[PDB]
Amino acid sequence: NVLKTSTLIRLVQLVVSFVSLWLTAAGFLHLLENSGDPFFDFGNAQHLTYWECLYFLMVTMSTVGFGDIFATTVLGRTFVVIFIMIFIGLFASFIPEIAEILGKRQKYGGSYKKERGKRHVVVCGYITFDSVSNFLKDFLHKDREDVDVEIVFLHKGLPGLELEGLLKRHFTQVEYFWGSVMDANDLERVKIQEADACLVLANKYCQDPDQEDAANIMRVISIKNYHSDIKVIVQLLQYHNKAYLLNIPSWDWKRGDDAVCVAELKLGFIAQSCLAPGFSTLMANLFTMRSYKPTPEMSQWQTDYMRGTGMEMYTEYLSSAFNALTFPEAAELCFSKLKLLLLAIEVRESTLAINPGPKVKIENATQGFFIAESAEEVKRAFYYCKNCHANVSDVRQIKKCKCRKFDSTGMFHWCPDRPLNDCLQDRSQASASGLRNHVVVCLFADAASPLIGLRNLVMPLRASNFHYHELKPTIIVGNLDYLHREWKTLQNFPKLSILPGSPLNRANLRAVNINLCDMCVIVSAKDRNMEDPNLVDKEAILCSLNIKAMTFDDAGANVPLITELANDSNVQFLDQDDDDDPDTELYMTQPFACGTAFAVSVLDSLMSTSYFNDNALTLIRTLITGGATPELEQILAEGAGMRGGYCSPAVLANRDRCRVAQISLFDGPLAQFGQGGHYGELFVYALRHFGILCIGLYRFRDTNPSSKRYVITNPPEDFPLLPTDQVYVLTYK
Amino acid sequence: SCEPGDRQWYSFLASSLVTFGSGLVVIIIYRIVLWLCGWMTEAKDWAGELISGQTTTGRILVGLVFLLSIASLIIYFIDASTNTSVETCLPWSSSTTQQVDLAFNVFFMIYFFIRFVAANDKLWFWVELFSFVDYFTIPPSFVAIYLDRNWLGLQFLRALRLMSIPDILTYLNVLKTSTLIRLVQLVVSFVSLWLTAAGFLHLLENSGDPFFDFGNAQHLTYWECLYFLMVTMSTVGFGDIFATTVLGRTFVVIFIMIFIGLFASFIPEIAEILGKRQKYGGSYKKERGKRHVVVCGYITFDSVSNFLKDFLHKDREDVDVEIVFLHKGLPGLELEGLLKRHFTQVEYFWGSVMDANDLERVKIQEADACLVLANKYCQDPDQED
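These protein sequences, in sequence, are chains A and B. Read in order, the letters of the first sequence are residues 60 to 792 in my numbering. Read in order, the letters of the second sequence are residues 4 to 388 in my numbering.
None of these hints come from the bench; they were simulated from the model. Fair warning: there could be bad hints in the mix.
The list that follows gives simulated cross-link-like pairs (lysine-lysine, DSS-like), each with its CA atoms no further than 27 Å apart [what the hints assert, rightly or not]:
1. A:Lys585 - B:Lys125
2. B:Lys125 - A:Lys250
3. A:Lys398 - A:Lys445
4. A:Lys215 - B:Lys379
5. B:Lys379 - A:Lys177
6. B:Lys379 - A:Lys227
7. B:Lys125 - A:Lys172
8. A:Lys597 - B:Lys331
9. A:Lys597 - B:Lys379
10. B:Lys379 - A:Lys166
11. B:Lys125 - A:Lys177
12. A:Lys445 - A:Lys420
13. A:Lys201 - B:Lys47
14. A:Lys301 - A:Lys313
15. A:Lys263 - A:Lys301
16. B:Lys179 - A:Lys196
17. A:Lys352 - B:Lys179
Based on the sequences and whatever the hints tell you, model everything.
In structure tokens:
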């Protein structure tokens, strides 16, 4: 019982039948030629050896037919005719079928040779030239700390030729293996018990994001079942699917397990843009590694913008010279002397504190969070000695010295459930409503389309650190049958309403007072990979262009818009007076540089930053979610909906948290800096007098006449200010 | 020249076998010692980065491997095209080709050791294809200094070094497109396999069968073997040339069983790759004073002929407007004929009005109008609109 596999059975049948037929035919020709024709009295004969017949039959069977040897008995020639009619078919079918069987061998078999002292990270799920190149470009990036981590891809496919080239170019630091994380033997080959982490990548452009999340949850189950203590980081396409992996017995966020939920993230970034218009661009640039590389073809505003895109957020320990400073004094010092924007600290269990007030002291081995141009910049905060050694002049000289109701967790405003018909309005009722300074959501959906999770858009806008009087009213224009399915998650948020119908219908937009809103959000639940790559965003593009072309009476392109895009390229159609070259990547385009466009692609480096510094991923979240703690994520995973009511002062204490806000240099106490001051003067003044920590500017592109503005992340200390500038700040008021 | 009788080929062959065998044994006894019982990994990583062309010194070394693997093969063509006997007595101090060959063999010996370091498993490395090319090339070239004689033995394997070229042109990041990667893999593997097979047949036929005391021999040139293998590989088989050593005939049988499949798959796949080139590329040459109209959307023999019959019509004012079709398809044969009949006044370009570069090629800023035609007989008129 030794021929077990069907291919191995077929192989031995092919080879043995071919070889035995070739040998028996050669022996028959050898009889005929050497014996000679019987009706010519055996006189016509030709003394071929057996081996000459064997060679001659291969030469004729293959149709090469050299004719160095040939048959000459009429029985030998008639046998050669019969042989030609049979054996050309045998050879012409045998050679391809053997070639297919031998071509079937699995290439990327074998196992990872674990080196003496190298970390490795197993990477699996959606592995392709695009997802791997996007992942590796940020993971291997030249401005990281140069930790010698190996990347080990585990996937069922053969890699494509483009991916084979990329794997060959990174041969010294990247591996690929054929296999699946669903198989415990493949988990053994990649030595996953000795891996530093496992990363599960998701197909963001799948036809069914619940099906893709179901597959990725079963992977984390398989990985955790094989060994519970592996740090797993998984990409989720849907927020409700996070509940399923929160219920896995071995899942633990204190162990560093995480779900990078792109629905929760995209809607948090655009929701913070409703509170501070360009903040999705401010903030999405911090979490991807990019680099400043000017050209004289750039306008002056593009050189400011692109300097800002050169920022990333970094974690480093504050030197002992910071010990017992208040956080404000440490931030003044770190900005003014070290040229670093310190914005948060890890306070000892331990917790993240963002822009904490004078009451919080720095302590020995405090980790700080900085915005800076490279990892080599933030080292300076560890190296700084104060008067105990070098501490003066050039930043290159520091060197090294040696000397109302709420959610039950208090975090969001809350109200008891309601039926959707309590919040449904009509074009008339709506217009009646005095809407102003509101948020409008233009929602494109079919009744059957996948849930986008608008709770992640409405929740950040209903945080407890706002007073109720300053909560922006929210109105959703969209398909009613879709909204009935969504409503089970929305029904606990106050100041919320629905106007059923198309967002392209101009009478809906006018009833909604689209001209009076603080932000219009354009968002789509439609098929994110429908047939034509130019049709995918047509609803969002038409909605943008429609609103931008309207007119109003006691306008149009003046109204604030943010649009989610399914295909980053379609950004070129989204606005006029761009004049961007269509070869430009999204982050350099005018609509992205102003915060008018957003796309899920900018979130990809949240996988790599989740691996390199988990705490940085919890900061971005605390900000963009408005404060969704893992207690709330557990309370929602209990399936009872968002439980809330009145609160004790003990939980309600948390109402005071740092918020991203925007302030104008046109009037009030800071206008003295708008009148030809510098960003460093403003930063130090606002920090000290108000605890207001400045993180960037939002400046008019047309300084001489459109309303566009652009975002300058972390300007230089000597950067000039205009009275029309607006300032991104972190504040407790 | 040569020497009557006095065969010494087995001394050259032995140098390749003892160099192969001794290193294989040293690995096996070390594996057994580590089975019965840092700077190493730093060196392995450094050498891996170097041979992968990741460092700038690696890109220099990777360029030298490309140049010197081709030069090392050209010195084999010069030897194989000028040596008459397979062994040849000649003092190395006289032969300039064998002197520049020593410099190349030193380079490939250094490159072999670098690659040793970088290797993850030394046993598998000692059995890689290029490791055999090195054992059968380099040690015999040193024996050819020690004795005043050379043997044109397994030297044909130097042609296999060409199979590194697709990797070098991946390390240097120049093979960008997947079709261009596939093209260079096909051509270089085919050409190097054809050359190495011709050199092996040339050894066998010119040396003769060993069990017939080397008396059965046939003095083919290398180029006659190269031609004969193309003629048999393609199955044309003229038989103007044929092998007659039993080792040459058994090699021709093995070659027929392998290389007919290679040729019969190679020729179609190259023909598909070269057939893939985009025909109606390029750009509209805007004439000194002619209007042009860009036409796009539903472009077909029907829609174009219906459009042109009324647009070009003889009873119009005879304004000299050019029509410029912009569409993603290749035009069908009926539409190609119609475009040829109107050559002086109609143009067609491959592209889409969705791409700003294609709008630039048709010079649409200087167009008098753009016409967007619709598929009136589509399944979904809202999708078409």
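Hints, one by one, checked against the model:
Taken as a hint, the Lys585 of chain A and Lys125 of chain B pair is broken in the structure, with Cα atoms around 55 Å apart against an allowance of 27 Å. The straight-line distance between the Cα atoms of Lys125 of chain B and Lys250 of chain A is roughly 21 Å, inside the 27 Å bound, and the hint therefore holds. With a CA separation close to 15 Å, the supplied pair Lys398 of chain A and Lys445 of chain A stays within the 27 Å bound. For the hint pairing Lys215 of chain A with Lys379 of chain B, the CA-to-CA distance comes to about 45 Å; that exceeds 27 Å, so the pair is violated.
Note on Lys379 of chain B and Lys177 of chain A: the hinted pairing is violated, with a Cα-Cα distance of about 64 Å set against a maximum of 27 Å. Pair hint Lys379 of chain B plus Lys227 of chain A does not hold up; C-alpha atoms about 51 Å apart against a cutoff of 27 Å. Distance restraint check for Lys125 of chain B and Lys172 of chain A: the Cα-Cα separation of roughly 13 Å lies within the 27 Å cut-off, and the hinted pair is therefore satisfied. For the proposed pair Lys597 of chain A and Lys331 of chain B, the alpha carbon gap of about 20 Å is at most 27 Å, so the pair holds.
In summary, the hint linking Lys597 of chain A to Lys379 of chain B is supported, as the alpha carbons are separated by about 21 Å, within the 27 Å threshold. Proximity of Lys379 of chain B to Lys166 of chain A is assessed by CA-CA distance (about 51 Å); at most 27 Å being required, the pair is judged violated. Taking the CA atoms of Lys125 of chain B and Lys177 of chain A, the gap is about 20 Å. The hint holds against a cut of 27 Å. Between the alpha carbons of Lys445 of chain A and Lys420 of chain A the distance comes to roughly 17 Å, so the proposed pair stays at or under 27 Å and holds.
For the suggested pair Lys201 of chain A and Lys47 of chain B, the alpha carbons sit about 21 Å apart, so the restraint of at most 27 Å is met. For the given pair, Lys301 of chain A sits about 16 Å from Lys313 of chain A by alpha-carbon distance, which is consistent with the 27 Å threshold. For the proposed pair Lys263 of chain A and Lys301 of chain A, the alpha carbon gap of about 16 Å is at most 27 Å, so the pair holds. A distance of roughly 17 Å separates the Cα atoms of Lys179 of chain B and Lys196 of chain A; the hinted pair therefore holds under the 27 Å criterion.
Note on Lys352 of chain A and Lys179 of chain B: the hinted pairing holds, with a Cα-Cα distance of about 24 Å set against a maximum of 27 Å.
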